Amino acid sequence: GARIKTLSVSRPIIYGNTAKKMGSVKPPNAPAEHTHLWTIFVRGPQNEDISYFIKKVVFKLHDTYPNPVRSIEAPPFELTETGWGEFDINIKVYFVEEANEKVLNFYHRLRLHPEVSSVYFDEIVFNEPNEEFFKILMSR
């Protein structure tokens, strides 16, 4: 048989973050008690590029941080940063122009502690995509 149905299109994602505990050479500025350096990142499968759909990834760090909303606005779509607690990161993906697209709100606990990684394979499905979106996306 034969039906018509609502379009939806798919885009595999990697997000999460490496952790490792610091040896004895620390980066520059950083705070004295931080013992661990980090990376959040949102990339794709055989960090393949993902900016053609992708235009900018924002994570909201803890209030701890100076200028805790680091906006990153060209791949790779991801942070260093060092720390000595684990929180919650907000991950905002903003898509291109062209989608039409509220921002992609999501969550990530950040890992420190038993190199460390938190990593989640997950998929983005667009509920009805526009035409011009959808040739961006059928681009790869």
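In this text, rigid core is short for the largest set of C-alphas that superpose within 1.5 Å between two forms. Numbering follows the first chain given and starts at 1. First, how it differs from the form solved in complex with its partner chain.
When the two forms are superposed on their rigid core between these two forms, the C-alpha shift of 2 Å or more among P76, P45, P27, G85 belongs solely to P27.
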Given for the second form:
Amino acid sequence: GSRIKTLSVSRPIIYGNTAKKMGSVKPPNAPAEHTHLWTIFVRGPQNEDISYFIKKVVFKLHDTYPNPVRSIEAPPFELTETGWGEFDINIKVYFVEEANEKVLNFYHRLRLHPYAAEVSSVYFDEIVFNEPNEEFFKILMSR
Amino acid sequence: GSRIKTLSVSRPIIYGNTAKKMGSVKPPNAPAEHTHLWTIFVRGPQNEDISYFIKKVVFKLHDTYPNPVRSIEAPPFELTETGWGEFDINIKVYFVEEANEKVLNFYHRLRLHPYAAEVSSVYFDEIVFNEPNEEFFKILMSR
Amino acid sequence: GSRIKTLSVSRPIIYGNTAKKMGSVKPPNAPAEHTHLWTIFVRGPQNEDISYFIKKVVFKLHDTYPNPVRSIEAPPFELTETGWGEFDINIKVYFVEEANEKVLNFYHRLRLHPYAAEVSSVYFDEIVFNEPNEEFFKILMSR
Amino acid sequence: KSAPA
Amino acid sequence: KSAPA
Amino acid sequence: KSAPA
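Take the protein just shown as the form solved without its partner chain and give its structure as the form solved in complex with its partner chain.
Next comes the full complex, this chain leading.
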């Protein structure tokens, strides 16, 4: 059988954080109370390029970080920080201009505590694009 | 996890019409009361070929057109007409013989009135094929 | 619009059996009461390779067959037998180690009776993989 | 069928 | 298991 | 924000 339905296109996406408890010697000029080194990221599977449809990713850190709104406008869409605590990060994904799409809003709790060495908290989901316009569909299908 | 579900394959499809109000000088032998030139179509994104799975498209025009059942049996699956009014068009998409599929029936209201120069009314959806047979699936996957 | 949803990947799959009533002369050392030759299988469309994600297929035959648990650990994932009766076959599909997936369990009634020469009973469905891990997704996308 | 706006 | 029709 | 376990 055949039917008409609304067009959708999905793009797999990997996001979250890795982390490590720092040793006795800490990186120079890291605040003395910071205990961990960590990295929050949005990336493609197998580290394939995602900048063909993502223009920039904005990570809102906890207010204890200076300039907590951290805008990453070229790949890799990640940032590395030191710190002492776990907290929620609002991740704002902005698509290329052609998408004509509003921001994609989501949230990730920074994981630092060990498992029940390196820890990670990583999700492997997908972004579904509802009714993409013809030009954006062309861009999405180019990779 | 893994599960068995029914197989489906989807093909994006663009359809609708463009239109233009004609000037002071009209094309030769266009009826004097006709005011607009228009084009109804079914096409692929980026104008890719769709005839590998669509055999023909039949546009049923309003009864004010002579021979209103207009069968287009080779790409581009479109037709251009002049006229004076907006009306509903039943679009009948017939798939290649291998699909073993019944007709795909849908409807488009011809748009001539300006926006709120050229006007258009175009939809970018997708055709879902339910349980395609192995030979048709081969044809669908060739492009 | 855009939203995050869980990642899934689907793989089309063809399974079932062909069968033929044997003639007056039967294959040597086929049991005298056996009347039909048949083949149960799990395969890819157009007979494409599926062993890149399926490690082995186990067919549990009726207890009237010796060693009824028949493990096929290399393609083609099929077996041919003679026999006299129709019965249900539990088909166990095991995925490659990287999938980290439990067995895929399904059932097929062996068809020998003619249509309402060769008979067949074949289904063309798809396997949906829910939340595949990054390494398995890499394997699934390689073909 | 009606003449457009 | 039953002999076919 | 709380120090980890």
